[PDB]
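This document opens with one chain alone, in structure tokens, the form deposited in one PDB entry.
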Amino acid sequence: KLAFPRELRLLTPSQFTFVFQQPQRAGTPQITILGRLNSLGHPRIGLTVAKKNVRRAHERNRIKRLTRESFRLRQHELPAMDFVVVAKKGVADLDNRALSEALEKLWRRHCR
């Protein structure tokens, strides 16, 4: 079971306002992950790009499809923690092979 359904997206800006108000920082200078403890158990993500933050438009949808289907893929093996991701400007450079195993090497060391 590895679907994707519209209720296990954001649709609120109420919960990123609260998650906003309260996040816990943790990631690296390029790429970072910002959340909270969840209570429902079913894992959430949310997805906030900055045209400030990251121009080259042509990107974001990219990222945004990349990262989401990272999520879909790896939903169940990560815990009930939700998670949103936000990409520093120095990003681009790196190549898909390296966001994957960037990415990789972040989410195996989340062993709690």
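Numbering follows the first chain given and starts at 1. For the two forms, the rigid core is made up of the largest set of C-alpha atoms that agree within 1.5 Å on superposition. Compared with the form deposited in another entry:
- In this overlay on the rigid core, residue 25 has a C-alpha that sits 2 Å or more away from its partner position between the two forms.
Could the form deposited in another entry be given as well, to go with the form deposited in one PDB entry?
Since only the chain itself is given, any partners or molecules it might have are not part of what comes next.
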């Protein structure tokens, strides 16, 4: 089962503060990814995009949707970690294929 239930998202900011105080760098000159270990056995991810970086509410939402579709497909492969995503400045200019390959280009060096 490749479902994406409620127990796979960082709801409260406490998990965000935990990931911030225990971070490991894994970013590009465009997108930065952080994370930390947990204990539930299944990995969880957080979604944080800055409104000041890019406006246009169809954007940011598109980034969230693409990130969810890229994360929920590899939940049975990558180890159990508490991830978090952030979007920098010039990110809304890329299309879907470029963003997808850029997101899949980072998770290869996550051998933790």
